[PDB]
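J.: Here's the letter readout for the chains.
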Amino acid sequence: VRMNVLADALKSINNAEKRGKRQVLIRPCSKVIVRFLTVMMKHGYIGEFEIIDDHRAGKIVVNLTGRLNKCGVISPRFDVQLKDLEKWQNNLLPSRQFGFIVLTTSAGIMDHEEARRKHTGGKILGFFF
Amino acid sequence: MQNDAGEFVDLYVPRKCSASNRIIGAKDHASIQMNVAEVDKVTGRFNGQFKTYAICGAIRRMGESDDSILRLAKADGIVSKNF
Amino acid sequence: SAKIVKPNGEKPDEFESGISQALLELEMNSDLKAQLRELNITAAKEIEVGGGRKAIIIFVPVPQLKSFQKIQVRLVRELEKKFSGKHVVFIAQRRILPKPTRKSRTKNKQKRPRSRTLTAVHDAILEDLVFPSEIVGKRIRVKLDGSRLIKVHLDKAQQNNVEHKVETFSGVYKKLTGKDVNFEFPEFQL
Amino acid sequence: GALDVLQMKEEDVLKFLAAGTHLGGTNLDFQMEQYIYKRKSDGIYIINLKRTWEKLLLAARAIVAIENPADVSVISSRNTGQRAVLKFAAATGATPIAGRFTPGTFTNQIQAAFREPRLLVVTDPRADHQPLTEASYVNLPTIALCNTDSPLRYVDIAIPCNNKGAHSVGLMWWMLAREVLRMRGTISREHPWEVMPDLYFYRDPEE
Amino acid sequence: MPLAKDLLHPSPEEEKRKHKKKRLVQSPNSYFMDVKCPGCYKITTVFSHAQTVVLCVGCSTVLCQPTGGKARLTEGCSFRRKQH
Amino acid sequence: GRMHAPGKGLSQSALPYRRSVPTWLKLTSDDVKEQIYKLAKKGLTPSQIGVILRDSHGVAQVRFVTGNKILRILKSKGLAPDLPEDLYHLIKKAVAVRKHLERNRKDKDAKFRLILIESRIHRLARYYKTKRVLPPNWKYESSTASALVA
RNA sequence: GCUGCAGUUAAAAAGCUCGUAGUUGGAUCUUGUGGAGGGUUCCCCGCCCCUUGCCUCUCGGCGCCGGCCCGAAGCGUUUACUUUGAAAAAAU
Ligand SMILES: [Mg+2]
Ligand SMILES: [Mg+2]
Ligand SMILES: [Mg+2]
Ligand SMILES: [Mg+2]
Ligand SMILES: [Mg+2]
Ligand SMILES: [Mg+2]
Ligand SMILES: [Mg+2]
Ligand SMILES: [Mg+2]
Ligand SMILES: [Mg+2]
Ligand SMILES: [Mg+2]
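Listed in order, the protein sequences are those of chains Y, X, J, C, c and P. Residue numbering for the first sequence follows PDB author numbering, starting at 2 and increasing by one per position. Residue numbering for the second sequence follows PDB author numbering, starting at 1 and increasing by one per position. Residue numbering for the third sequence follows PDB author numbering, starting at 5 and increasing by one per position. Residue numbering for the fourth sequence follows PDB author numbering, starting at 3 and increasing by one per position. Residue numbering for the fifth sequence follows PDB author numbering, starting at 1 and increasing by one per position. Residue numbering for the sixth sequence follows PDB author numbering, starting at 2 and increasing by one per position.
Quick caveat, the hints were computed from the structure, so don't treat them as lab data. Every residue gets a Cβ at the ideal spot worked out from N, C-alpha and C, and that includes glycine. One should not assume that every hint holds.
Straight-line Cα separation of at most 30 Å, BS3-like style, residue types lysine-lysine; simulated pairs [unchecked claim]:
1. X:81 / Y:19
2. J:155 / Y:12
3. J:113 / Y:32
4. P:93 / P:132
5. c:20 / J:142
6. P:27 / P:43
7. X:51 / c:5
8. Y:12 / c:18
9. Y:71 / X:16
10. X:74 / J:155
11. Y:43 / J:107
12. P:70 / Y:60
13. P:27 / c:20
14. Y:12 / c:20
15. J:70 / J:86
16. Y:119 / Y:88
17. c:70 / P:9
18. Y:71 / X:27
19. c:70 / c:20
20. c:20 / Y:22
21. J:58 / J:178
22. c:16 / J:142
23. J:70 / J:178
24. P:70 / J:103
25. J:86 / J:7
26. P:132 / J:103
27. J:74 / P:27
28. J:147 / X:16
Label-pair restraints from in silico Cβ distances [said to hold, decoys possible]:
29. J:16 / c:29: 56 to 66 Å
30. J:186 / c:29: 29 to 39 Å
31. P:7 / X:71: 38 to 48 Å
32. P:148 / J:122: 51 to 61 Å
33. c:12 / J:52: 34 to 44 Å
34. X:61 / J:105: 54 to 64 Å
Some chain X residues well away from chain C (every beta-carbon gap over 10 Å; in silico) [to be verified]:
35. 3
36. 10
37. 18
38. 25
Build out the structure end to end from the sequences listed, making use of the hints.
T.: In C-alpha cells, the structure reads:
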C-alpha cells in the first residue's frame, strides 16, 4: 500500500523515458524526491521541472530530454562507509567514466563524487546512469 | 570522445533522432533522413537551402514520425504556429 | 495616538509616526468612526519596488487583522488619496520560533505550535498581500540552476482591484522573505 | 507555409467543397484526431481543411527537394487512384506504379523491376500496406493520403482527405501536382493552370 | 495521445471530463443553490446532492427529494448557482 | 481496496482548494456553535449534524467557518458520548447479527459475516485503547456486549 | 542465489478466508548578504526573528581607566547512522 514513495517516482520517470514521452507526472511527492530530482538536474540528465500545489502531497511535472538511460532505488537504505563505497559504485554503475550514486549524508543529499570530496558516508538511496 | 591529449579517438559519430534523441545505429533500416525545401517568401519559390530532419526507427514504427515531423516543422518558419 | 501606537518597536520612528498620526487623525473626526475603532497598529515600512517607485507596508497586530480586513478596501482608498503615489498593504506581525530540534535551545518548554513554523508564516503573509482578490492556485518552477519562481494564480473576479498592484507585490515579498514570486490570472475557473 | 502567397484561396475552397474532401468516415484513430474539427449529427467526422492545406504544402516541399525528379515513385493500387497517378507522372517527372505491386520490388537486387527510389507517395495507406512495409527496409520516407480511420505506421506526412473513392482522390493529386510545379517555378502563381482537374477523375460506367 | 502532450496546461474542456480525483487539483462536482418555492416566499439555500428532505420554514410539506445523485425539486423556481 | 471485501472502488468526496468562508453565507462563527448544540441535544451523532448543516443551511465545512472540527466542539461542552460512534455503530451491528444467528442456526453465511464484524471491532478497540480513549481493561463479550450498546 | 535462481505447461502457489507474535508502513514543522579558503551567486564569523541556546553566578586569571566587559560550571528531548580519537599479545 505505497510503502516507498521514492520507488514509485523513479519507476514512473523510468517507464516513460523508454517509451519516448516528453513530460511525466509524479504523484505523491516529497522533500526527498525534490532533492533527488535536483541532483539529477544539476548534471543534465533531465530538464527543469514544476511542482503543483494542491493542499495535500502535491504532484510534479518533469521535462525529459533523451539523455537519461536508467534511474532506480536500492530498497533498504543500507549504510555505506567511504571504504565500502567502491564495492558499491563498482557493482551498480556501468563504467567509471559516468553515472552517479546518490546518497543521503549529514551534509545533505549528494552524489558519491562529492561525498568523497567532503569526507563522509551515509545511507544509499539510488543511482542514475 | 577525447583523451588526455585531446585528439578524437572514434571510428565515427552517429546522429541522433530529432524527436527522441536516441542515437541511430548503423543497422537501423527504418531511420530516415527527410529533407524539406525552403521558399523565398516573396514569390513562393524554392531557393537553394533546405532543412534536414532525422527520425529514428522505433518512433517511426510506433506511428509517431508524423506528429514528430509536424512539431519539428512548426518549431521553424515552415508552419509558424496558427495551424 | 501617534507615538504610543507602535509598542515593542523602539517607539521613536519618523515615518511610522507620521503615517500613524495621519491614519489615527482619520480615526479622530467622526466621518469614519463606525468602522474604524481607534484600533492599534505596530510598525510601518516604506521601501522601493522594481519599477522605479516606492510603497509602504503596515504591520497590524494579529487578532485585530480580521476586523481590518472587514473595511480594508475603503480604508486603503482613503489612505491612498492621503498618500498619493504610494501603496498600502496590511500584513499581521507573525512570530517565528526557530526549529527546536537544533536551531535554539530545547528545554521541554513548549511544543512550538505548527502555526508558528517558518512556512506557515511565509504562506499566510503571501495571502495577506493580495487581500481584495483570493489565491486560486500555486506552482513552482525549478529553473536549470536550482533557482525558483513561485507562480501564483489569483481569482478572475476582482481583477481591476489588484491588476495594477501585481508588481509592487513582487518587490514587497522579495523584501519580506526573498522569494521571487509572479502573479497571473487563470483563463477558466472549473 | 506561413506567408500570404501560399494561403488558401476561396476558389480552392469551392473545389474542395465540390469534391467533398472534407467528408470523413464514421470511425477514427487516436492519431488522426488533431485533423478533425467536429463530428456531424449523423455519425461522420469532418476534416479541417486548413490543416489539409498545411500538410499539402509540407509534402510539396518534400517532393521539390529531390534533385533528379525520377525517383519519387508514385504508387496506387485501387482503381480510383490509377488514372490520377498516371497524370502525375506526366505533370512532374516522377515514376508511376499503378496495379499490383509484386512484393520485393525495392528489396531484391535480382528482380527485373527492382527500383531504388528516394521518396514514396502513396494513396490509401491501408490498401497499400505492402509498399509501406517494404519501405521499412531501405530507409525510404513516405507521403500518404489518410482518412479519419487510416492506420499511421511507416508514414511521415499524412495529408488528410476523403480518398474513399471519389472526385476527392483526383482533386488531391491534381492540387499536389499544381503546388510542386508552382514552387519549383515551372508555372506562375495566381495565373490559373491550363489543366483541368477532370483529367485526374475516374471512369465510372461511361455512357 | 501524440507523445508530446503538455500536462501543465490541460484543456479547459477536457479538464472537466475526467473524474474529480484525477484532474490536476481536486474539485467537487456539487454546488449550492437558492431554491424559491411558489406560495410562501423565503430564499432557503440547498445543497445539490441533498440526500435530506428539506422544508421551506413555512407553507410547504416538502421542498426537494433524495435520489441516487442530485436532488430533484418539486416546483422550486430560481435555484441559481450561488457562485461562491 | 477494502479490508474485508475484494472490491476496490474510489467513491470518496473532494473538498474545494479555496479554504476561505463562502462570501454569501449569513451564518457566523458563533451561531453555528449554538445550532450544533441544539442539534446535539436531540441526540444526533457528529456525522448527522454535519449532513443536516450541509443540506438545510449553507455551511459546507463546519471546520472552515469555525476553527474546530465538530467533535472537539461537542467535547469542549461535555456532550460527546462516552465511547466513539464508529465502535457503537459496529457493536450495534454485531448484536443485530447475533439475534438472527440464534433464531436460525443454519445461516452459515451470517456466521462468516459475524466473524468479520467482530474482528473489525477488535481492530478498532485495540487502537482506541492505545490512544487513552478507553479503559485499558475494556473488553467485548457477547452478553456484556449487548448491554454495552446502551 | 545477501550481492543473485525458480513456482501457467519442465520439480513447484496451502481449497478458501479471518487472525496474535514477526516483517513493512503516506505527506508535512527555516532562508539570503558583508569578509575568509575555492570560482563567478554557491560551498571558518555574524546579520532580517535565530545562530554553538542560554542562564548566574561564584571562587579562583585574562583587560581598561573601583566601575563595567568575556573564557570556564549546568547542558541542550533520547537513540540508531557517519566521521575522528583512545585502547587493543607476538608469530602468520
Ligand atoms: Mg486504490
Ligand atoms: Mg462499507
Ligand atoms: Mg488482510
Ligand atoms: Mg461511498
Ligand atoms: Mg472514505
Ligand atoms: Mg535452477
Ligand atoms: Mg505433466
Ligand atoms: Mg509442474
Ligand atoms: Mg489458488
Ligand atoms: Mg515516512
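J.: For each hint, tell me whether it holds in the structure or not.
T.: Here is what the structure says about each hint:
no. : hint                      : result
1   : X:81 / Y:19               : 29 Å, holds
2   : J:155 / Y:12              : 28 Å, holds
3   : J:113 / Y:32              : 28 Å, holds
4   : P:93 / P:132              : 22 Å, holds
5   : c:20 / J:142              : 19 Å, holds
6   : P:27 / P:43               : 24 Å, holds
7   : X:51 / c:5                : 25 Å, holds
8   : Y:12 / c:18               : 24 Å, holds
9   : Y:71 / X:16               : 18 Å, holds
10  : X:74 / J:155              : 28 Å, holds
11  : Y:43 / J:107              : 29 Å, holds
12  : P:70 / Y:60               : 27 Å, holds
13  : P:27 / c:20               : 29 Å, holds
14  : Y:12 / c:20               : 25 Å, holds
15  : J:70 / J:86               : 24 Å, holds
16  : Y:119 / Y:88              : 19 Å, holds
17  : c:70 / P:9                : 24 Å, holds
18  : Y:71 / X:27               : 24 Å, holds
19  : c:70 / c:20               : 16 Å, holds
20  : c:20 / Y:22               : 25 Å, holds
21  : J:58 / J:178              : 14 Å, holds
22  : c:16 / J:142              : 19 Å, holds
23  : J:70 / J:178              : 25 Å, holds
24  : P:70 / J:103              : 27 Å, holds
25  : J:86 / J:7                : 20 Å, holds
26  : P:132 / J:103             : 27 Å, holds
27  : J:74 / P:27               : 15 Å, holds
28  : J:147 / X:16              : 26 Å, holds
29  : J:16 / c:29: 56 to 66 Å   : 58 Å, holds
30  : J:186 / c:29: 29 to 39 Å  : 31 Å, holds
31  : P:7 / X:71: 38 to 48 Å    : 45 Å, holds
32  : P:148 / J:122: 51 to 61 Å : 53 Å, holds
33  : c:12 / J:52: 34 to 44 Å   : 38 Å, holds
34  : X:61 / J:105: 54 to 64 Å  : 56 Å, holds
35  : 3                         : 33 Å, holds
36  : 10                        : 23 Å, holds
37  : 18                        : 13 Å, holds
38  : 25                        : 13 Å, holds
Consistency with the previously given hints is maintained throughout, with no hint failing.
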